[PDB]
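Engineer: What follows is the residue order along each chain.
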Amino acid sequence: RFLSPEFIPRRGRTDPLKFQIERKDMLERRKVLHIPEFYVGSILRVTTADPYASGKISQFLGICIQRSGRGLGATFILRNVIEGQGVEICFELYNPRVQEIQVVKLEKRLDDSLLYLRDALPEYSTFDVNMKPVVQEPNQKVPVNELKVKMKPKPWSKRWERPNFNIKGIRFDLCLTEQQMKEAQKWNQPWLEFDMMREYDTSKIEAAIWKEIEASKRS
Amino acid sequence: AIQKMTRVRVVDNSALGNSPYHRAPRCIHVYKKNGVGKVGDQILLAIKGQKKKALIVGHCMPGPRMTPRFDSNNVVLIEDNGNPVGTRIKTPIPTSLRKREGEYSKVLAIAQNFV
Amino acid sequence: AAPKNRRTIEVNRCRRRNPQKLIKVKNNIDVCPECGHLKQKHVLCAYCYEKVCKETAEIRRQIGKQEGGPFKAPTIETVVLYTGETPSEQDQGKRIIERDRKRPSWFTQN
Amino acid sequence: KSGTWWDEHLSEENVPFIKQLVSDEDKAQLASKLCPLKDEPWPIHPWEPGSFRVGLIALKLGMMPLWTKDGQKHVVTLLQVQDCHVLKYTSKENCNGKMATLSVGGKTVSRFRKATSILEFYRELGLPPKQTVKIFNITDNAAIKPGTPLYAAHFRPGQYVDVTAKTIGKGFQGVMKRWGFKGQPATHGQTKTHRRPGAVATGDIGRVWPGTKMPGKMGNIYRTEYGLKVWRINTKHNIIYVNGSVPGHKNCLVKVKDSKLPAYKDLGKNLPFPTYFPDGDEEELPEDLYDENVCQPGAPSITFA
Amino acid sequence: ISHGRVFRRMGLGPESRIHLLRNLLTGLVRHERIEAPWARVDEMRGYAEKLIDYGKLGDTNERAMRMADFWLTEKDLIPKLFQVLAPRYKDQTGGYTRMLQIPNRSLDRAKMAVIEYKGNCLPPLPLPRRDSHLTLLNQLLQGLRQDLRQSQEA
RNA sequence: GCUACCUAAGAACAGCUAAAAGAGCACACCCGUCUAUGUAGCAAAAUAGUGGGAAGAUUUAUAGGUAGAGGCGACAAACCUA
RNA sequence: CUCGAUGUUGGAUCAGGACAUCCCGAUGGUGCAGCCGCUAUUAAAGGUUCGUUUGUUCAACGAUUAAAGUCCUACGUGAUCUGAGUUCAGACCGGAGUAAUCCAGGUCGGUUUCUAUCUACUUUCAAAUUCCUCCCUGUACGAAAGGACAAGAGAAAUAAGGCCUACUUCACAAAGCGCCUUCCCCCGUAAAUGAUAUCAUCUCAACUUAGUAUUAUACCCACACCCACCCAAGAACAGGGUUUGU
Ligand SMILES: [K+]
Ligand SMILES: [K+]
Ligand SMILES: [K+]
Ligand SMILES: [K+]
Ligand SMILES: [Mg+2]
Ligand SMILES: [Mg+2]
Ligand SMILES: [Mg+2]
Ligand SMILES: [Mg+2]
Ligand SMILES: [Mg+2]
Ligand SMILES: [Mg+2]
Ligand SMILES: [Mg+2]
Ligand SMILES: [Mg+2]
Ligand SMILES: [Mg+2]
Ligand SMILES: [Mg+2]
Ligand SMILES: [Mg+2]
Ligand SMILES: [Mg+2]
Ligand SMILES: [Mg+2]
Ligand SMILES: [Mg+2]
Ligand SMILES: [Mg+2]
Ligand SMILES: [Mg+2]
Ligand SMILES: [Mg+2]
Ligand SMILES: [Mg+2]
Ligand SMILES: [Mg+2]
Ligand SMILES: [Mg+2]
Ligand SMILES: [Mg+2]
Ligand SMILES: [Mg+2]
Ligand SMILES: [Mg+2]
Ligand SMILES: [Mg+2]
Ligand SMILES: [Mg+2]
Ligand SMILES: [Mg+2]
Ligand SMILES: [Mg+2]
Ligand SMILES: [Mg+2]
Ligand SMILES: [Mg+2]
Ligand SMILES: [Zn+2]
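Protein chains in written order, with the authors' numbering: chain Q, 74 to 292; chain L, 31 to 145; chain 0, 79 to 188; chain E, 44 to 348; chain O, 9 to 162.
I should point out that these hints are in silico values taken from the structure, not numbers from a laboratory. All C-beta atoms in this analysis are idealised placements derived from N, C-alpha and C, irrespective of residue type, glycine included. Among the clues, some could well be false.
Partial chain O-side listing against chain 0, Cβ under 7 Å, derived [to be verified]: (1) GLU40; (2) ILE42; (3) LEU85; (4) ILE110; (5) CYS129; (6) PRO131.
27 Å max Cα-Cα, derived BS3-like pairs, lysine-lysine [claimed, not checked]: (7) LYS209 (chain E) / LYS97 (chain Q); (8) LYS132 (chain 0) / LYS119 (chain O); (9) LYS34 (chain L) / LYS227 (chain Q); (10) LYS99 (chain 0) / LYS312 (chain E); (11) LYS119 (chain O) / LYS172 (chain 0); (12) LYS119 (chain 0) / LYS126 (chain O); (13) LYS83 (chain L) / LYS34 (chain L); (14) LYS277 (chain Q) / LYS58 (chain O); (15) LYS78 (chain L) / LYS129 (chain Q); (16) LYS99 (chain 0) / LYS98 (chain O); (17) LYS129 (chain Q) / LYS120 (chain L); (18) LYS279 (chain E) / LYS68 (chain L); (19) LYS81 (chain E) / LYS293 (chain E); (20) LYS119 (chain 0) / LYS150 (chain 0); (21) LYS98 (chain O) / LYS172 (chain 0); (22) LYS116 (chain E) / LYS104 (chain Q); (23) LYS272 (chain E) / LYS97 (chain Q); (24) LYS284 (chain Q) / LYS279 (chain E); (25) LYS157 (chain E) / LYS119 (chain 0); (26) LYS62 (chain L) / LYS81 (chain L); (27) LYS279 (chain E) / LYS104 (chain Q); (28) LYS120 (chain L) / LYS63 (chain L); (29) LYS119 (chain 0) / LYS132 (chain 0); (30) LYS62 (chain L) / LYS150 (chain E); (31) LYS277 (chain Q) / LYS293 (chain E); (32) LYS136 (chain L) / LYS68 (chain L); (33) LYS157 (chain E) / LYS188 (chain E); (34) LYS272 (chain E) / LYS300 (chain E); (35) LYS78 (chain L) / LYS68 (chain L); (36) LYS129 (chain Q) / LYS68 (chain L); (37) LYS63 (chain L) / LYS225 (chain E); (38) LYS104 (chain Q) / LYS178 (chain Q); (39) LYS129 (chain Q) / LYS129 (chain L).
Make the full structure from the sequences, and use the hints.
Structural biologist: Have a look at this one:
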């Protein structure tokens, strides 16, 4: 069972009714536009109506580097390098201008966020705009791509080596020295992982959401 | 996104923009009352010791949803009338610029790729 | 910034004796039914709590003698048995802390 | 002389019984008011130019995005009408003001926490107590009988409303956050002066003018957002989708009224008057009312052809 | 401003707060009843409840063992958590602890609280008991209840 | 018994580079560049960081000598018990 | 007046006021065709930019703007800040002097304390200004060149007040770099009728019109449950909730 991440509300004091009525709109839009299962690291091709484009339609293919937001506003960022120029577009999943979302290559990566690809070699962000969709077998585990990227010379957009980021898909041994890695460890917070009161359990929330999703599919 | 002192990248093929120089092209004025330039705004550049107007065709600052964000601050050199100095733009430029064909018709004619 | 003039006792009395500065009367004091000493409605009785602590301390000293050292916590439940009592059927398999006194009335056997 | 509360002296057995007892009476009282038109309603006059009708009290559920048929994104605030009833009517003569007034209350609260005078008022009305009561200036032809329930469909999409509520309370704040003062530089020798007001007046007057901007309590005061468009109405849950943001925190109570801006004057000719009576309504309204420009969730994807 | 900030600021910072709470929780598991400042007991009570849930996962759950290893500074108590405390609450889904305010501390007049794991072997605390059902008010309500139940069955 | 200079006889100076050194990097140690803090202060001159030097005209313990019309001074009218 | 001390330039911060108006509004005249100007009357609600060198106030220069106003407020404001300059003790240059030292000169360096007793003040709650684009229109105007006004439509900037759906800093929330809302006027003159003075005359004549707001409306408004707990409320106090008091 894959529950799209935008369905799980963030912790807070929002009245549960607000999330229930928002889910009714997400499910009504999902039967008009098929929103497929995908993860950060998957290759997508998104088609959207554009008033000023040629043919009044635009297509963009890129790797998903971030999934964020909740509710109707949930978005995802696609990244690609076109003519040597890196480009990113933040798409709204439920924006009515979206005509199709095609999963060209379904896969997961070692990290839940690939923002550090902006600081990696361009090759890791380059994907052919006309690459053909690779078939996904039925009831198969989502492939996890264990690629570790090589980074450009510092400085980077962010301190990717810091513990708070918890990035596992970077070849730190090549780009950083041993003294530089020890300095980064000064920001480690070993007590954080054991702080039980920060844990956010969504098991019961997810179970109730699945019931609402199944009811909609019958009607 | 692009303000005074911001160093920009000329994405057209004009000789003025691609000749080597010891100082990088720099914004010295934005033709906006708030002084902050976005895609489609004109700016004044200090380039090879000269003053030349340019049109912003991309920047790294996030914009509205569904709009492209670039890894560099891209500009195109133009004349005071709005004519492009170069003849070809290979770098992709946003389709949103096509809302301004009335004034930027000629600049768009030399754009090969749109995003 | 220093005081430009001395403050009079008349002014000082108005500040010091203002109702805000005075001690407020408490309306949540009641008598404890068990012991008869005073207590606050939302707080445990001091007299009764001290009595419970004294017995708890005595039992804990006995637990120490049985353990006979640090890092010797038991892996089974414990039952306090006073003089004149023997382990029940439910007390089998539990460490028995024997107290050399009569079972306190308020302490109910389970 | 010692203070007491409702379940202070109640035993373990009586606390559940009392809770169930009072809860059921509240539900029964609210259900008895669902047929206002069958309980001797006041005269229902037609709308006339210059007429002012009553507003609502709603709870702020949160914010949500919606897109228009032209492709533009508009964020909206969801306002749920929760047990909104008319409470009191004051004639133009007794108001002490230029117009008559109609008192409205919203959201049920526990009777165990209200003053005796408030409880006896609600006892005579036959309704459970309300958290917030607001006063709406109305014209004589818009009077409604006390006890009449009010619903979200009182408003219609395309209308403009004003929303009044208490802003988020930020406590005691400095001039920078409170008034947008620039403060002082971070470095170049500033001595314990980075977020301070600076000069507060001139030396000549030897005083500080009343109203001078100074540090103090920020927010937690009544503010009104004017000219907010009603995009959508959910009649099942009684929710109003209003354009933009409204003052206050989520789950707060807001006062909803017809917009008083000059551009929106005399636009109530097609609005329910004096209010919407679902029981009287001949044809039940659909679950959702949409403005003509709103993209409905089930509509086909936008195409620019 | 501190809207929605659910955690207190105690000790010498975030780490020291956890260590302060961990020492209180370790003492609670050993002794099963301790007294400490009211605010500190209130903050720790949340962890004391979740620790039992990890104990219920079993000693074979590697994640549960790592959590217990961190929060219990005395290693003889880890067997107690999994084999004594967790089995005792096998039939409960919550409410493993009870917290009560006790008289202010003598030295610094600090607000004080006693916390204990329910079902312990220690002498029972003088719990606050509700008024008897035989009091004047409770008897008047019992009659009202009896009457209503009689009218409903009819 | 502080400090300036001197006398007697003592003590300390890791590691690396160069291997020649009033040489470089850099501890202990000596000094006090710049900023903040502090300003009845921890302190009648300090704290934190950052800095100069650190085998030498170096730093330093002990005892002794030079005394106000004076002493001493790599002259700052320095220093000779805040 | 003050030397038993009223701290001395420019800048930062925050501005109060005048109008002798720089911009925006309304009018008279013009050697005012139009577009731009010049001059005068009325108008102080609102606004009045960012940089290079210089300690600078100024000034010069670059790029803009509807405009980059003139003044007063202890040349406003150091118990709020700054110390580049000036203005102590060190030093150098030129010059003066026999020298010690000196210079409206230049140059490098050089300790800015204060725990607020009193006065005053700490939500003047809510009507907003301006530019540009399109259109009018290549129209009025004019030989041509050139080239409007009013009406209407849209899109912005700033200001004020809020808010967190998304984006972003972030993550039970607070924020901007994000989003939402923003509504009246203002008097100078131009004209009719018509006497003193049987024409005429806009009238400190009686009078009529442009021409005006009792600034509109909005907001706020019931209050011995309250020991205790919780909170989007908060320094304390107060406030909201507890029908969530194992
Ligand atoms: K000291
Ligand atoms: K003087
Ligand atoms: K005084
Ligand atoms: K006359
Ligand atoms: Mg960055
Ligand atoms: Mg040059
Ligand atoms: Mg608050
Ligand atoms: Mg600042
Ligand atoms: Mg200082
Ligand atoms: Mg500072
Ligand atoms: Mg502390
Ligand atoms: Mg010698
Ligand atoms: Mg050595
Ligand atoms: Mg050396
Ligand atoms: Mg050296
Ligand atoms: Mg003598
Ligand atoms: Mg000398
Ligand atoms: Mg001298
Ligand atoms: Mg004096
Ligand atoms: Mg001012
Ligand atoms: Mg004037
Ligand atoms: Mg002004
Ligand atoms: Mg002055
Ligand atoms: Mg000072
Ligand atoms: Mg002063
Ligand atoms: Mg100086
Ligand atoms: Mg000389
Ligand atoms: Mg100087
Ligand atoms: Mg110096
Ligand atoms: Mg002060
Ligand atoms: Mg026009
Ligand atoms: Mg006439
Ligand atoms: Mg006449
Ligand atoms: Zn007692």
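Engineer: Which hints from the list above does the structure break, by number from lowest to highest?
Structural biologist: Per hint list: 1, 2, 7, 10, 11, 15, 16, 18, 19, 20, 28 and 30 violated.
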